[PDB]
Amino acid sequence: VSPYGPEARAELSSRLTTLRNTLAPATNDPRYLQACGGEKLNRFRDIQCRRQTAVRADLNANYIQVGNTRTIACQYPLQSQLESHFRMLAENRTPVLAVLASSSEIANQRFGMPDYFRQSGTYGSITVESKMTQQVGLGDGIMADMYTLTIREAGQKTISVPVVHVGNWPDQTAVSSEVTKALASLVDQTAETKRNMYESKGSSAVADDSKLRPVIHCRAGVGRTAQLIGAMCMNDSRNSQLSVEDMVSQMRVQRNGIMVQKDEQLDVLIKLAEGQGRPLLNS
């Protein structure tokens, strides 16, 4: 018996599959947040948002927790959702926003994915100012671009959020383990330098568990986002013993059944798992 063999992984896929089929949204499904007024909520009719963990009423976003690791996964905001997207960023006092949508995607107007973090802009009352800083090589040609978004709203405390942007991670693909672990750490490390900044400042958002969470998003927020979230979860010593099965089941139950979309992305979390002698299945 090898916990990571052909057999074992076959068992993992059965379970995980039944869960996706089971979590599929029905029409007006009560488990999922529904678009109000006819305004559009969902980037893709079928990538839905669990009502219970929903962050705001008008975004497709979710508070997620696997083990002891808390973050917020979302979809790329549609143009009309930006003033709320920034609001959530500000109120969460975001220690870091990781964006995994490639530059070709954002570039292509057909996709309607605004280039919101790479330049200055005014949305409603919220004015934003971007400023590029370092640029880090993660390996295998992958590269992260770093920015700093300053969010200003009249009458509100000005908040700046550090952005980490992996511009060349194609949609529907998995970056290797090594680039993945390399990315996860770069995200954790950025998170703490900023958490530490609010901490030495006495911000009460530190007490609060709905705040100071890493916001991550790609295109649909179930693919490239999941894989990263599964590797941040594994970087936490506290999340010990938590198998891949639970890991995948919590993301899926707290967002939708498409979390960890492709079988190759899942292979990556199975690789990291094997590398720590971490279990795949439960029991």
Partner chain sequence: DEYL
The other form holds:
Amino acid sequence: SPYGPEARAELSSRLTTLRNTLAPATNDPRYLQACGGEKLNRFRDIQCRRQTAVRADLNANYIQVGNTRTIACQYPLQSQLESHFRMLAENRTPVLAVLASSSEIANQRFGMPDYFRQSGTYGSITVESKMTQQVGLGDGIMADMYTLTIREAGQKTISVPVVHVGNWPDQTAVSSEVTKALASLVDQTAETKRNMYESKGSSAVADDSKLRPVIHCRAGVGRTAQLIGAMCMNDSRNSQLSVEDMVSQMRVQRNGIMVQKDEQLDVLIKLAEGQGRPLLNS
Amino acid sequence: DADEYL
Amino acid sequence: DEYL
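What would the structure be for the form deposited with the partner chain bound, rather than the form solved without the partner chain?
Following is the full complex, with the preceding chain placed first.
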């Protein structure tokens, strides 16, 4: 069977080898390095690829698996928020999906500022937050949506649609049913907002580096990877893109950690099986 | 203008 | 810190 133990064992073997090769070496020329005395990485083991980095001071990467373009990043550090907000604005972000739980954000030691559920000032940037709808995703998991309005004198005011899942603990994987519903809500949200910029003849519709959905959890490698992988399968243009392709492309474009827990890769495998999508290549 | 995207 |  294309989804039998033998196939699953082979896929893991290839993935394992890749993760070891992409392991960040001290002062690795493939990863972004902290220039100066400013902390860049939230974790010394979760690094950001250099050739796909969005900004030099943020741990974020441009990711494209198949025809699906997104942006994965770590939960911004306190001192990166200003730069984080400019990135969202400039990108004309059609949707921001936050997969970090409320419990993690509340934990003051985790250093994860609640920058989207409350209004505030960060440097030259002014952010206003407003709660909109709440969508049930199944298994009791809920999606809380907000609208972030980013204002900066001299720049055009940009509002961003936010989808926050607060009850998805780290190092865990939600059911494939939930993941499929969450992937749909994010595309719909992005699709609606993107439509707006097109009706306004925005200059971002022509730039492949903009109008990309931004997604992140805590490290931006576990929960973020699961959603992205699910979003690719939603795209009707990724026909024949295998599970091997997806994970490979994510790791080579961010870091070999993308899709941390096996339980997470299992959800992707399950969704692929439901689509008759190949696991391995050739 | 400044808020033509709101 | 280490995310592990």
